[PDB]
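Shown here: the complex without one of its protein chains, the others still in place.
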Amino acid sequence: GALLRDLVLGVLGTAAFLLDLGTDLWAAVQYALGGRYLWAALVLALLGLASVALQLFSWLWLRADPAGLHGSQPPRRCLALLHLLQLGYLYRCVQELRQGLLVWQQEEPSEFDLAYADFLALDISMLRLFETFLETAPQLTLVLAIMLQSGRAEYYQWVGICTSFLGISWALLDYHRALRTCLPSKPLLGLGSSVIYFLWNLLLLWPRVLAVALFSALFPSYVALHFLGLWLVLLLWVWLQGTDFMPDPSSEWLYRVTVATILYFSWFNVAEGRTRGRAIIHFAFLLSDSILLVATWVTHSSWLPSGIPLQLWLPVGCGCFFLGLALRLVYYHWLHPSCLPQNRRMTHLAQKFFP
Amino acid sequence: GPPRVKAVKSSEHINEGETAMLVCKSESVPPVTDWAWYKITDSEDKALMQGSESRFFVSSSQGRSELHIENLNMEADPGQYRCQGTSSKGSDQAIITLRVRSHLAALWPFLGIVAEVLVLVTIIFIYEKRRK
Amino acid sequence: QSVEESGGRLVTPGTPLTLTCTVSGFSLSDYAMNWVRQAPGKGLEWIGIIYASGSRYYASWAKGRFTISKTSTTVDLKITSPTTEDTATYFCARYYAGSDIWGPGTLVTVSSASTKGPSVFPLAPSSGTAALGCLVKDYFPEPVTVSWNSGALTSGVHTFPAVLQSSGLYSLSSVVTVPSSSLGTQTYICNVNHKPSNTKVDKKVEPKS
Partner (left out) sequence: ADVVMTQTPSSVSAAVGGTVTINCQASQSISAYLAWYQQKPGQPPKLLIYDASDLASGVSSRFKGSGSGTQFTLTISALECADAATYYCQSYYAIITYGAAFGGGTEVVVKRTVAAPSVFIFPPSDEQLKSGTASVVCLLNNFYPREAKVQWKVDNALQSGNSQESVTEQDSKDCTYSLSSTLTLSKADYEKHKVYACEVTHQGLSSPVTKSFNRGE
């Protein structure tokens, strides 16, 4: 069942990421040929910077990797023309697909090949997490901001937000799958831990996206300052923290960049295992900023066209917030545990996540 | 018969630096020929003459009068204004309240944000540098 | 309560021009007057306003390019330096609450070309309802009015909007549908009038054998 589970889950992942890119692109095209181009330019640049940062992640990790990945037909040059062409994250996917398929089809290969496959699926999982909080999350905030600001919601945008949502759902499920599969799973329902992980994290993730959106639509000229400021502080926090996630020390610039940007939307432990203190500090940041933002909306109330019902979505915000908080408590209290190519990044992160 | 005048907006809230336009209207027959605006003060009501301080303007038509106040001041402009229309059969009055929002409340998400950033930096800088 | 503009015509760039709006049914001392312009096939541009007291306020983009004044019965709008980008229809409107009473509007064209009279050619009816019309071609500048049988034929009259040609002259057709039986026992004459060239032409459109 392991082989089937792997291949089908990975198919799901690849398809999801595809669909999400497709919808985003379609939306952008619609914008440009539909009217104003500033929204097309913003989605293009957001896409670009995201893609480029995942591209430099994958290229860094490849450069570090010891003697392995021998089934790499392009000898150091095509890999680079590929990554340099902004088209990437696809080679890792196809590689996972082809490996898993070759294994499934083979009767019973060596315990080395299987480990290589597990490492491939762990890598892809990681890069999906990073893809989701670097690309789909901002893209979702942007789309919500345009819907609420212009006031005219169309089919493309509804589908882009059901896609974004599906991408965050897959992403966080795959990342809980990975985090638990890297260490001995003492409990018996790791799928139930994964599901309540998706529920908690997304339940509180959404209100922050709505908040940022609301802001972005009430003051589109202050988003740059706001995000740059908070990101400066988060970055600084990571710098004051420790970072030994990937071999290259000089290259930690990217890891701290991403950690900075992921904290802006959720809670991602950096490198220590001292809980119940940095959690409350986070939650007080995220909450205070979201409350301030909502407050800015309730101040500049009559400032947006009567489009999406705002006297129905906002209550759902506090409801999802409260619920998320509850299941987060339930996750830490109840499910949260106490304590051959091998991914040293995922061993790292797993041990630093389960102290 | 007697005229009946009413404000378009009984209460308004504009901000300093801009120009408020209060307007009264009436539909009685005969129409209101002359209109007069007064500002309410403690125990006395002062008439608003056109051209005062190069910032007041009155534009009157049959049964309708606009009061334009430029460069909304926080000290003398906010308050209650009374419009009085005098038709050949009598006169009537309406009351309009004007508030002036300042830049303190306008630049509320700027000070708020920079204060929150300052607080965050202090919290993290004491929680790690010396406490941790 | 009405107003009527006058002074629209063709002028060369740089030559000043004064438009006059004559009110009727109300005094200019008890109501304000707005001046609004509209380019061919575009939206309305607000130019300026003159209050009852006499104060004049102009739009930001129009500061200096225009001048508003008024007498006891008319409001005048002078253009000091018209440009090619100043060709538009100009309306005057009484300001009470927005602009309720509007004028018919006068057309001001600014170009280097000269006026040219219109040429009218009959569209003979084909051979249970026949169509026929008049082709108003190679005229300048706008506008031209077309009426059928001194204004007695209105049902079915379609006047197509003019279009600019390569030579720089406008052209349009005015067609009308009538019963085929009537072509033999009824005279159809189109009356084209082009005020800028003072050209009145009444052309009959007879059927072809």
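In this document, chain identifiers A, B and C correspond to the written order of the chains, with residue numbering beginning at 1 in each.
Basically, contacts are C-beta pairs under 8 Å (C-beta built on N, C-alpha and C of every residue); 3 or more make two chains touch, one makes a residue touch a chain.
If you put the hidden chain back, the residue from C:22, C:115 or C:177 that touches it is C:177. Of the options A:73, A:221, A:306 or A:311, the residue whose C-beta touches the omitted chain is A:306. Within the full complex, the residue among A:48, A:68 or A:151 touching the omitted chain is A:151. Listed for chain C, the residues touching the missing chain in the whole complex are 34, 36, 43-46, 49, 55, 57, 59-61, 91, 95, 97-100, 102-105, 119, 121-124, 126, 131-133, 135, 137, 158-163, 165, 171-173, 175, 177. In the full complex, chain B makes contact with the omitted chain through residues 8-9, 12, 14, 18-21, 23, 57, 68, 70.
By the touch definition given at the top, chain A reaches the unshown chain through residues 150-152, 302-306.
Please note the rule applied: only the chains that are shown with their structure count from here on.
In terms of their C-alpha centroids, the spacing between chain A and chain C amounts to 63 Å. In chain B, no position touches at least two other chains. The touching residues of chain C, counted against chain B in their complex, run 30-32, 51-53, 55, 96-97.
Residues 219, 222, 225-226, 229-230, 233, 236-237, 240-241, 281, 285, 288-289, 292, 296, 299 of chain A touch chain B in their complex.
Across the complex, chain B meets chain C through its residues 25, 50, 57, 59-62, 64.
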